[PDB]
Every structure is written in structure tokens, then in C-alpha cells.
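Please find one structure pasted underneath; my questions will follow.
Below is a slice of the complex: some chains, not all, each in place.
To keep things simple, chains are lettered A and B as they appear, and every chain counts its residues starting from 1.
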Amino acid sequence: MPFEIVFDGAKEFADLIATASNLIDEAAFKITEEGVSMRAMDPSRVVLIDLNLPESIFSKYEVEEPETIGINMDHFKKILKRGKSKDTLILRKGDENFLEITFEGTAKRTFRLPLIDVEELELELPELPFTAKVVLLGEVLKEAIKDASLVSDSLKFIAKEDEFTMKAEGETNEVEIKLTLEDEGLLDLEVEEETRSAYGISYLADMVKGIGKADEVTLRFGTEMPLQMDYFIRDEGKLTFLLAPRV
Amino acid sequence: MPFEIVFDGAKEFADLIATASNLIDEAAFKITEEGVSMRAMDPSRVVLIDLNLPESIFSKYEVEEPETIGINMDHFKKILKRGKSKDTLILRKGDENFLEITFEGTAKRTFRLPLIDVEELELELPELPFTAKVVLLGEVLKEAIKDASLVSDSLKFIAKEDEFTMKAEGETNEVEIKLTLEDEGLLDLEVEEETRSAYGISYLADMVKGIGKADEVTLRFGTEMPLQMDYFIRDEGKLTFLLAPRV
């Protein structure tokens, strides 16, 4: 009654939530007339995650009573993983303290996930003076991070006007992944000035694990600045990570 | 005591035996002129299995004189798993005490499986006074059992005149799988009174583990009564489970 939210393609929704539970244990979901929003940090406070799902991506969106619900992400994910690619997903909140999760397909399957109280910090998604913007295929990003992990625990990002390089170096071994606009993997490159920063590979691997090979990923960063990594859900939804630099 | 039994498609035969070995360790196979039959209980005596493979599903069927052979089901399954989807399977017994198992395909591969003797019991499949019958797609049944296992160790079956519900509840968590004749998953429903029973998920999971997503499964049960579960092999073969209810 307080809200009813319907998404066509339950497995696609599960995959989106799964990306976020890779860094997050618990999260507050704010459900308004405009859409669903979520913002949280990983337990080490190194990564900020911001999820925005406008009502335009839902087949039915009815919010009688706007509110904020607390969800254990591991439990949520476990239930959503039961959804099939052709299932319709329904999120329903009654008067009681649980979220009703229904998969409608060859049958009607209804789970009750008890809501929890999550201590919500005031988290701001700041505007940052990024000097480099990179749009690249998820496949390239995911492979670069895997390549770098054979070598080191950190990955250097280097943007110049004509080339984007991700470089990792160990005691003896080294890997360099280089993209120019001549390469199929680089879809856009915008570089206000030469930009160099480094990031922990363990965090990057968790950020990209759920991203699809065909997905388009936007990176923004600055010298010794955080990395902002965005990808879009059904064109209008957006998943954003902000990753503290490595020093 | 010679016989020769030939089945087109070794992997399909492997799959069928694999379903049965999920609960059975050893089995007497009765080999007669009309077909092959097998009947056994799991080690806890909670589930009875009945397998009937009429002569009509075999491409060649030559039985000198009816006889019963005892087979270690795990060993049998291990050999049968070596068969390929396009292999012809030949089951042959000479006068010696082993089963000759041949896969004929890109090569001729012959295994020798020693026969054992099996404690054969007062095992019959009585006709119980079932009050509900449900025919449903395997994938609905398999998914409901996986869903319920997230929540509890027992699954309640509830049949009314136009709805079949499988429900499980934990301390706070609950799931309900509902089917009506409007649903693609429900192929038939016949309910002569409101019927309610519960069954152990661990046994149900082992029973359906081998069933195929598009197999048509028939369920019969009564209130506080065993569950009968069967599905057909090549239309004429039949695999039947009878499962004790849970208190």
C-alpha cells in the first residue's frame, strides 16, 4: 500500500543490485514519487556508491506513502537471485515491517524480506574538479583490472590528450593497457590536462565484477583525486561509484 | 540367463538412472519380456522409488528368461555418465555375473560392471486415497523447492479447487509459490477437497534434482498423507517417488 513498484525482467534487476552488494552490506533505499535512490559506503569508507532508479524504468510505479527502508543487501541479493530473466518483479511494502518481493512468470513466487534499521550517514556525492573523462567498454575495463592484478595491488590511471593508459608495476613484472580513439575499446576521451592517479585493485575488482562486457562505463578522475565510475541502467537509471585514490 | 537391451541415446539413459541414484544406493532390476522394472527405498525408508522402462522404449529388446540383477547405483551411474548424447547404449548379460555396458558411437567402449545381490523387500506401491492431483512444469517445482530452502527445511503443499500453493516459513522469512490454471506453470489441477500436507525439503530436493525444466511432473497427495511424484520417460517409461509426509 505505501508503495508498489514493478520492474520487467527480474534477473536484470538482480544483476544491478548484485553489483552494489559487492561493496555494501546494508543500505537505505529512499522511495519517492520520482524514483528509488540509494547511497552508501563500503565498510572501509573508501568507496561511495550511489544508485538512482527513476520511475521511468519501472512498468508500474505507485508510491502512496514515500518512505525509506533499510535492507540487508546480502539477503536482498539472495532472494533477487531467484528471479528469472522473463519474470516480472514486484516490490510491495504493506503496513508491516517487511518488503514483499514477487516474481510473476510461469508462477507467482512471493518472498517476505524483513526490513532492518540501517544507521544512515549523511553522504554527499560531491562535485569534483575532474580533469580527465574516459568512456570505455566494460570488457576492456574488466580485463585491465584482471591483468593488473597479476602484477600488483594498485593500478595507475594516466590520461593524456590522445591516449588513456592503465599501468601496474610490481617488483619485476609490469602491465600496461593503452587505449586511443583508434581502438574499438575507447568510445570517448576528453582530457583537460595530463592526469595521473592510482587506485587499489581490490576495490576496482569489486566495482567492476558485476559490470557487463558490452556495458559502456564512464570514468572521471583527476590527479591524486577520487575516481568516479558510472554506468547506466535502461538508459535512465545510473549506478555511480566514487573511489578514493591510493596513497 | 543372457539378455540384450539397446537404448538410443546413452546420455538420456544416464540422466534417468542419475535421478534414481540421488536417493538410492543399491537396487534390484527386474528384467522381463515386457520391460525393465526397479523398486527401492532410500536408506532412511522415507522415500520409495519405482522405475518402469517398458520394452517399447528400447530399440532392441531380447530377454531369454526373466531375471533380477543387483546393481550398485553409484557405480552404475559413474559408468553411464561416460556415455555421449549420440551414443547407442547396449546392456548385455552373458552367463557370467557382470553387466556389460557398451557405448557405440565414434568408438565402441565396453565397461564390465560386477553384479551384486541386493536385500529385496516387502515393497509394493499401494493406491492411497489421494484427494488432490497437480500437473506442473518441472522448472516450477524445482524452483519452488530451491526457493523454500532459503527459508525452512519443510515445504507445505496446499491444494484448493483453483489454486495450488507451496509455502515455507522461517523465523521471520517466508515464501509462497502460487499456481492457478491461468498460469503457464500449471498444466492440470483436480482437487476433491482442500488438501494440506508438508514434506521435507532435503528429500524433495534430491527427488527433483534430475528432473528436467520442461518435464511434466504429476503430484498426488492427501492431508497428512504421502506425496506421489511421477514423470514419464520417452512417454512410456515412468519414474515414481512416494514420499512420507512430515509430521
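Couple of notes before you dig in:
Going forward, a residue touches a chain if its C-beta (ideal position, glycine included) is under 8 Å from a C-beta of that chain, and two chains touch if they have at least 3 such contacts.
This structure file shows 2 copies of a single chain, while the whole complex it describes contains 3 copies.
In this text, only the chains that are shown with their structure count from here on.
If you average the CA atoms of chain A and of chain B, the two centres end up 44 Å from each other. On the side of chain B, the complex with chain A involves touching residues 137, 139-140, 143-144, 146-147, 150-151, 172-179, 183-186. Interface residues of chain A facing chain B in the complex, by the touch rule stated above, are 78-79, 82, 84, 98, 105-114.
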